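What follows is one chain in structure tokens, specifically the form solved without this ligand.
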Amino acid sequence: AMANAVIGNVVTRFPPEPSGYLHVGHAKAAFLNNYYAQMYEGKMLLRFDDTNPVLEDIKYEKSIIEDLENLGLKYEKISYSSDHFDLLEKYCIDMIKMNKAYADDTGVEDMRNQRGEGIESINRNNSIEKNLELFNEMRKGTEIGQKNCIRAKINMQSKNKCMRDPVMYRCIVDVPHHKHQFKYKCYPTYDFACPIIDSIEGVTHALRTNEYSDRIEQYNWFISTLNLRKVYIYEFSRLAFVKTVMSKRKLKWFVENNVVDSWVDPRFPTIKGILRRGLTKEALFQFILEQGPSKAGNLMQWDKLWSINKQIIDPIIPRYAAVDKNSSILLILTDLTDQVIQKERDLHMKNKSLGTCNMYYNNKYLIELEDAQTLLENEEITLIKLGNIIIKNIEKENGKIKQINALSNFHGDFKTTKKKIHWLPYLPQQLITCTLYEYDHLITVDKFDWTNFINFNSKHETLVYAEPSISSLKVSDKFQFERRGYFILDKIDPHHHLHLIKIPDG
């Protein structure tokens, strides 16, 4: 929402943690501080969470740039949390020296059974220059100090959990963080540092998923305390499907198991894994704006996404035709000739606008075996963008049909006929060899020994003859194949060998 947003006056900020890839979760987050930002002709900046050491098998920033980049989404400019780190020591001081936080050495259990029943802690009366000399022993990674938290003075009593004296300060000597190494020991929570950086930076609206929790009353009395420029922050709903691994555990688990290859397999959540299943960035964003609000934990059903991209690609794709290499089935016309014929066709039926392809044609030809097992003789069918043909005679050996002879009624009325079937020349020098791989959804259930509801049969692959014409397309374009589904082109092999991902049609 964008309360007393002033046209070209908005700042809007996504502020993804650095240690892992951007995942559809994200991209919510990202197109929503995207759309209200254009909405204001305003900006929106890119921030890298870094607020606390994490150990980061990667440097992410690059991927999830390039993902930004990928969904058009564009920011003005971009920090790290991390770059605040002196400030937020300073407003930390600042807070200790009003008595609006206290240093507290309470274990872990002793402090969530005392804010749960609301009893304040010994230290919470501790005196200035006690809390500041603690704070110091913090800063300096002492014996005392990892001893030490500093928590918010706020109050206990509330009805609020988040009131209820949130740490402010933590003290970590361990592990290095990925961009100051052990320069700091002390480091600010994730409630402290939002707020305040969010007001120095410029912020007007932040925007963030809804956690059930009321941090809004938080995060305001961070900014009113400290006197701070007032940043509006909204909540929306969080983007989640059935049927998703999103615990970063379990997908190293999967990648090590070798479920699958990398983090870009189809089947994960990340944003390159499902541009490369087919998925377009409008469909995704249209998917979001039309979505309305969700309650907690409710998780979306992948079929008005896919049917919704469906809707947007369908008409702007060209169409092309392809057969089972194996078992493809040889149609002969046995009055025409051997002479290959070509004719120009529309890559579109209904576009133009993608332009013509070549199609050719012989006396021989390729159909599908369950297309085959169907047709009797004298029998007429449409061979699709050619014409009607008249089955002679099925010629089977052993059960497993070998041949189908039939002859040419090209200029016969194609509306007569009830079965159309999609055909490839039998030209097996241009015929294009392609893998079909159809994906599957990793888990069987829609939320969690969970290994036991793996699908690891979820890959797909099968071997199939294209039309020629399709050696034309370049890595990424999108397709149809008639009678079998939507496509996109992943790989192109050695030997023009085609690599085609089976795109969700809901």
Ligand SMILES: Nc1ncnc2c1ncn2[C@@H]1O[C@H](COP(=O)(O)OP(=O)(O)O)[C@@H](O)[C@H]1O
Second form
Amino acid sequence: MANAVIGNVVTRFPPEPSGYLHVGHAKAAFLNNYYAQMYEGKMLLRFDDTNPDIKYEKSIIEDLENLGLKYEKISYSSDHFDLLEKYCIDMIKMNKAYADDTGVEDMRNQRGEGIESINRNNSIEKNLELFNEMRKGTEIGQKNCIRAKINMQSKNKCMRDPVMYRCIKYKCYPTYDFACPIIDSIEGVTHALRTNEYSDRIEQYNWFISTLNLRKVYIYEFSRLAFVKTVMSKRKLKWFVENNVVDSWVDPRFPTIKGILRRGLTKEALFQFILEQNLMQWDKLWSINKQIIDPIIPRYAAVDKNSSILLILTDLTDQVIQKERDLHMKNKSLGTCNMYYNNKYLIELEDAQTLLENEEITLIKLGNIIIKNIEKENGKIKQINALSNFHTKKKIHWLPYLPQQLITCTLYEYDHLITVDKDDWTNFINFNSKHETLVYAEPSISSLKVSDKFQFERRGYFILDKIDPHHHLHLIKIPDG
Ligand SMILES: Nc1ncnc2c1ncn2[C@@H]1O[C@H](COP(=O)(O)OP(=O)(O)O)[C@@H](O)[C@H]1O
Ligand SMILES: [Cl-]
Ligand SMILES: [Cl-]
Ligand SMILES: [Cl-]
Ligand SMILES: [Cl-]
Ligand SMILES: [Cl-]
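Could you drop in the structure for the form solved in complex with this ligand? We only have the form solved without this ligand so far.
Whole complex next, starting from this chain.
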């Protein structure tokens, strides 16, 4: 941040309302916030509608609210079109801008080979009256674009007469390249943050600023954020949606901020992952998210609904005993859930198959028990009979066989959308990347409210997405890196 001064820093986040925000957007928005906060500065939110819906502006304001960012003001590039017009005319009168009717292909490698276009020497007043043709929309006007008069022979291709105004309320619109430095300057930005993929652009940016004798804006570049096995092109994502491969932009497989928060990511983890680091691997982002959520979420129990095996404590009765226990043992201010138990339990079959005819084991948060026999009807295991011994390296989780109180849950597990890491690209999709499994979970889990994060013991981490009628829960699995 060159020549930054505490209390005199202004940054801005300038997304286009042409789609929903994704993770890379989140890096930009966050870094703008981080540099503004570092100097006790101000951060503007600019909707960049230079070359133009409102559903997107709404979605943006909600995603920013969700990331916890707050802005001093909201502006639209549109709001300065009249002024940009004025500046355009000024440049025409300084012989710094001219009207051009050379064709797009021709113009493209006239630029490539550095020959001055025909109109580069146009008189001032022809340039102005052509600009008027453009502002009215005449067939002349549409054949004409205004461009800056810089240097067709510069080693920097961005310095070779870039287009400033195009004919397309307004009949003519400024390009990004021209609108960005002017608007940044007059809005009071002091430090404009931009992806360093647009890096040849800087000399042009500053050119415009000095050529109009405007207050300089420093540029701070950063790397763009891209992930393996991920697509963030807006066209590829709408393709996913239109073929019902997903059925919403909020799908947990989508790198949108909405989708990624639904999937379990915490804003804290995303910000830390941005600070504490060719594509990136989701593994480290989800490992940070794990480290962050693990000590502040409760632990509940679940067993497979269908493969569950019945365990009997022969020496107890069918009187259900209740015991308050703590949700998370380590952080004892997280609260207490309730634990119900009696003589009949459900355990996993992957656990049932592991018990030998006289082992001692431990039902977590309850106590040790003594396995007595393994009744196996047909080939499978039908039932297990054990002994209370409440007063071992086989500690298993369990549910009390109380079906009118156990909560039924669908576990959604997701895989990457595409198969390669980065025209016949749809052959690299994973369509069967949404896995459902049904479980019973602990009665006390009815406490949870939608959006809550928790852990299923010896299963993994989950977020409660929706609650169906009849208290049926939908649980999205949070990857754990
Ligand atoms: N993948 C990305 N990673 C980081 N920052 C990005 C990424 N994509 C866009 N940005 C930044 O997001 C801001 C708004 O982007 P937007 O105008 O929507 O541009 P784009 O057309 O590149 O999506 C810009 O500052 C842009 O440089
Ligand atoms: Cl960086
Ligand atoms: Cl892509
Ligand atoms: Cl959905
Ligand atoms: Cl990064
Ligand atoms: Cl995968």
